[PDB]
Amino acid sequence: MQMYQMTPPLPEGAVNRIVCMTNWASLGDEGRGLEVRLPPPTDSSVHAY
Amino acid sequence: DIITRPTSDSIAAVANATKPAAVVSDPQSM
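Respectively, the protein sequence lines represent chains L and m. Its first residue numbered 226, the first sequence is counted upward by one per residue in the deposited numbering. Its first residue numbered 77, the second sequence is counted upward by one per residue in the deposited numbering.
Just so you know, these hints were derived from the structure itself, not from any lab. Any given hint might turn out to be false.
Stated by the list, open to error - A short list of chain L residues far from chain m (calculated; beta carbon distances all over 10 Å):
#, residue
1, 233
2, 245
3, 258
4, 259
5, 261
6, 264
To be verified - Across the chosen pairs, the derived CB separations fall in these ranges:
#, chain 1, residue 1, chain 2, residue 2, range
7, L, 254, m, 93, 47 to 57 Å
8, L, 264, m, 106, 39 to 49 Å
9, m, 83, L, 239, 15 to 25 Å
Cβ atoms here follow ideal geometry from the backbone N, Cα and C, with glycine treated the same way.
Chain L extracted, bound-state conformation:
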């Protein structure tokens, strides 16, 4: 009688893109104090160059 439902693994939306976000899913130690997080192409990813 219970109902189960899972959050879908893949994204949903009109447009879906691949981006570069280092350690976006890291869980263990804090890691090196250095990251690279590009914004989605809808913004000005010019600060990274």
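Take the given structure of chain L and dock chain m to it, following the hints.
For chain m alone, coordinates are given in the frame of chain L:
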């Protein structure tokens, strides 16, 4: 945060010297 450092002063000086105005008032566009 990201790693970034100021450019050498000499380069910045010469670079800033040559920067023409992008938009100017011209009374003609025909």
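### Violated constraints from the hint list, given by number and in increasing order
Failing hints, ascending: 3, 4, 5, 9.
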